[PDB]
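Note that one protein chain of the assembly has been removed; the remaining protein chains are unaltered in position.
By written order: A and B. Residues from 1 in each chain.
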Amino acid sequence: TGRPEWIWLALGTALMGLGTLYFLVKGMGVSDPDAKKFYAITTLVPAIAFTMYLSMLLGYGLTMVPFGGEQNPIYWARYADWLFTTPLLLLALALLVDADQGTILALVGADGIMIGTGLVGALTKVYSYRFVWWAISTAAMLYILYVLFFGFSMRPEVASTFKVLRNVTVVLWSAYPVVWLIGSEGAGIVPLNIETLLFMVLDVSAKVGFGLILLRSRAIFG
Amino acid sequence: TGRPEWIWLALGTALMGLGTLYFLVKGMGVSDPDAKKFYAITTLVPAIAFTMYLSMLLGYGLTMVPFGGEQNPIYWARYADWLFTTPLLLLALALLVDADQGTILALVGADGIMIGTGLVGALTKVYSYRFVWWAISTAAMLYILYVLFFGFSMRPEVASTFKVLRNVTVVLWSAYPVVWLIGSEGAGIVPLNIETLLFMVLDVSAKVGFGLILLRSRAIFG
Partner (left out) sequence: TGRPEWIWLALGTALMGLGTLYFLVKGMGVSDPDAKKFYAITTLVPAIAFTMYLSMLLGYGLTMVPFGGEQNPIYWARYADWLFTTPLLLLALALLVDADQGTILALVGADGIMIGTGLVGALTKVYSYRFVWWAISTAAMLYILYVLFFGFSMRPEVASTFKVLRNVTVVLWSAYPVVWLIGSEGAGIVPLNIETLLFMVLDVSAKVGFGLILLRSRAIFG
């Protein structure tokens, strides 16, 4: 269509869809209780992103936000997506290391505050206050990364596999507040079409890429 | 009022309300931990549907959606209702057979994608894309029904009782995408007032009817 970023949303739609079918097929046969949970998560996440990428693609998951005296296209569907996939991602890391419930609850709550305030910042029409919501969101993200780094006698296999995903998580997740900031939602240093491209690359990395990593470990099996 | 379907929403309001009081009364005295969960579920579900039927009844849970060049009344309150009652229904079946968490999470996630995309399809103004969201929703429903059918040494009583509800669930739940499709949200083969009637009959069947079945079994007791 006219939306130059359409190509990226259409690519992202396809990769998430293809990833869901892949995990769906691979997930056939798992009987192991524990392995089951990881499989559930690794398949649910691209499945949610799929519906959200397609809603952005069809124009449903998009709104206009007036700020800086202009009507600014805002894909709220990215946030609806992250609202459900990030806690699930967090769940898989906590199950991995058998984290305590209390910690799990900290993180999930932490995470919803994170997505929640980014959404608010995205939809805020007073330009300045946008970045205020950004900073709080970012602060919740740092909280979360702090816990995954500095809060965790597991089998060496789990230790090893979690070390990897944890290092992935820091670098991926960290990238998000930077794209937002440079993209059209923030300072507008990068146009919408490059903005959409970057988030798609991260989303696919974070959805499908992360899961491909995780299900390759036998740390997920009881 | 002027909305011919008002009678159906008013009837449905009354039956859900009456059902909540019935399960509330019947639920007095249960001390059994396990029985408790089933009682919670069987009472919560008509209680939620009650508030949603009344919101449609008062006109709050209703919006207009322009498609086919006409303003089309859409009861989003049906979806808000199904968003919370269907996973609870699913929970009761999984507890019944002691399903694994991973499976439970599959289903609930599956289920939210189901309701979520129907809502999107209902609110989508490009007529054609409506049915695209329909098909994905339906695909999530088939996923779910597949798992309940082909995924489950329980006491014979549980086995027996689950066989029943499982057969109920297939036939009830299956009816929904068919009414949507023939109703005003889809191809408009059936008018709004008959559409509302059909969903009310299913909702009461699915809410109160299903629960009356379930609490009659001693499969729910420890």
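One rule holds in what follows: contacts are C-beta pairs under 8 Å (C-beta built on N, C-alpha and C of every residue); 3 or more make two chains touch, one makes a residue touch a chain.
Considering the full assembly, A:105 is the residue among A:105, A:178 or A:187 that touches the omitted chain. For the options B:51, B:63 or B:217, the residue in contact with the chain missing from this view is B:51. Subunit A residues in contact with the hidden partner, per the touch definition given at the top, are 100-103, 105-106, 109-110, 112-113, 116-117, 120, 123-124, 126, 129, 132, 136. On the side of subunit B, touch with the chain left out of the figure occurs at residues 33-41, 43-44, 47-48, 51, 54-55, 58-60, 84, 88.
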